[PDB]
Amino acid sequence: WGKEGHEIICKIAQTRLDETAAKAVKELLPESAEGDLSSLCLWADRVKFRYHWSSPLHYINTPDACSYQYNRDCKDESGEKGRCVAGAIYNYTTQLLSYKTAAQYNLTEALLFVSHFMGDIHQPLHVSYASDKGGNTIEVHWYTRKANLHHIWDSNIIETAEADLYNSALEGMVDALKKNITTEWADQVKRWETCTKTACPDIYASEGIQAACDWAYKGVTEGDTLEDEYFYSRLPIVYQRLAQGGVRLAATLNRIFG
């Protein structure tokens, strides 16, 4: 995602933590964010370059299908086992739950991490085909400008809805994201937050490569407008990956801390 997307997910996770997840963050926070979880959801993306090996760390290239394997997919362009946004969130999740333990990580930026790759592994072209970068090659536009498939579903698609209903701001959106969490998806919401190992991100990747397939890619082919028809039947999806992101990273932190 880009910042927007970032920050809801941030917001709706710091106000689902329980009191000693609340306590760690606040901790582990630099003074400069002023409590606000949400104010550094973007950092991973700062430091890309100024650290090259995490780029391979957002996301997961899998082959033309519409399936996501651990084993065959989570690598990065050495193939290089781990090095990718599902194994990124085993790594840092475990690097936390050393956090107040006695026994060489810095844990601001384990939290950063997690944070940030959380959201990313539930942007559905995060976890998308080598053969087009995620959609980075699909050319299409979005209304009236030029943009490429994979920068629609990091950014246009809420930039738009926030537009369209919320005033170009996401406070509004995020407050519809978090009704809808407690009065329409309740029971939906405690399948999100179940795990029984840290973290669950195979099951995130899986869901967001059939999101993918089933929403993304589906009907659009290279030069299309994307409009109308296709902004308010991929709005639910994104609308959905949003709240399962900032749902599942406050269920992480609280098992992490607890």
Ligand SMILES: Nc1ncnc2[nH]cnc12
Given for the second form:
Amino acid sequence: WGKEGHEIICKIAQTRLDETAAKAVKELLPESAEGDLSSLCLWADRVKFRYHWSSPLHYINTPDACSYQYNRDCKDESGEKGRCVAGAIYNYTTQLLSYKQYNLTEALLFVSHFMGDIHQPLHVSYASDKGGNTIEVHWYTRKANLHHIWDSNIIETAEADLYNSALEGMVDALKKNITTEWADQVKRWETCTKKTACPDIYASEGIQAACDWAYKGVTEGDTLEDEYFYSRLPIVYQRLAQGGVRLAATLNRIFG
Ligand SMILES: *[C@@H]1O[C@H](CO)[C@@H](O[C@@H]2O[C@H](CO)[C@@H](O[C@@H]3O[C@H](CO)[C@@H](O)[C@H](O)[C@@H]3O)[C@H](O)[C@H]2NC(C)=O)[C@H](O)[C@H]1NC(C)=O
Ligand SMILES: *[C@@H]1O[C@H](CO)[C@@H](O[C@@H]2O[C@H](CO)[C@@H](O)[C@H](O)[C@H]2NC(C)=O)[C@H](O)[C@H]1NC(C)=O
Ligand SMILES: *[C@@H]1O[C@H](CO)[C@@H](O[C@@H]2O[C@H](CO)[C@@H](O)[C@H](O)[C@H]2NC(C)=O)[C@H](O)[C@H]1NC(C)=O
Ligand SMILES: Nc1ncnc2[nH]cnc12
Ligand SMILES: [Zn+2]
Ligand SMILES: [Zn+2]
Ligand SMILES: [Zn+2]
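Could I see the form deposited with adenine (ADE) bound next, after the form deposited without adenine (ADE)?
First the chain shown before, then all remaining chains and molecules of the complex.
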């Protein structure tokens, strides 16, 4: 996701931390963050070139089908197994279990960003179109690629048009629904029988959404506007809420 999506996910997650995880996050954040995890939830995107080995860790490339399997797909262009967002999440969550050898401030920031990215449908999608990056369309009157529409345009258009430029408005509405509309599902989103995290569950859901909602109905050159926007917005809400709820559930398991 772009900045807004990661901020939303981290804002939701930080208010769902239990006391031991809230304590560990406050201790691991640098002073400049002023205690706010969401002020650094895009840090990982800012080291894609300084730490070039980290670039493939933001997504998963799959064959053209609605299927995801860790052993088949979690590898980078060189074929090195484990170098994809699911493998990164296992890596950095395992490093945080050592909290109170690695920089754990970086592990916390990578886990926060990657838990977000693994919930963007087009970050678990086709290698053949680079996760929709090569599908060129128009978002209303402007040129955009489909990947960027999902990382940024849908959220930005909702923030301006539906929330009158208050992104805290979108956060607040998601938090209200996590409490009043989605409570039973939220309990399932939080459940993980693994030691730490369950990224393969989230990636499987994500390629299914890429097929059914993101790629669906889209052809190079189409103009995506109100019909696509209103029909896809609920899936974006769902994924941002799942990302926030799961990031908190994971950090609570790790630090507890
Ligand atoms: C798990 O997390 C660790 C910590 O961020 C990652 O370690 C980093 O791994 C990369 C290689 O993938 C290392 O870079 C390479 O280093 C060697 C020289 O040491 C150099 O020959 C290569 O050109 C490249 O720069 C990097 O140094 C290393 N960083 C640390 C602090 O250990 C690891 O990649 C992650 N694995 C995942 C997410 O699957
Ligand atoms: C752990 O990693 C973080 C992020 O890479 C380091 O913090 C950065 O430190 C440099 C100076 O070395 C500053 O210019 C950056 O502003 C810092 N980034 C952030 C996000 O705070 C941190 O120093 C590392 N801790 C170590 C080496 O023990
Ligand atoms: C929170 O949930 C409410 C209720 O489901 C959502 O509002 C509904 O949105 C649908 C479109 O998905 C409309 O067709 C209904 O008319 C709305 N219902 C009501 C009572 O207004 C709302 O969009 C959700 N907000 C978030 C951020 O998830
Ligand atoms: N190749 C790729 N596949 C999916 N998402 C991406 N984001 C940046 N590059 C990507
Ligand atoms: Zn992102
Ligand atoms: Zn992206
Ligand atoms: Zn990213």
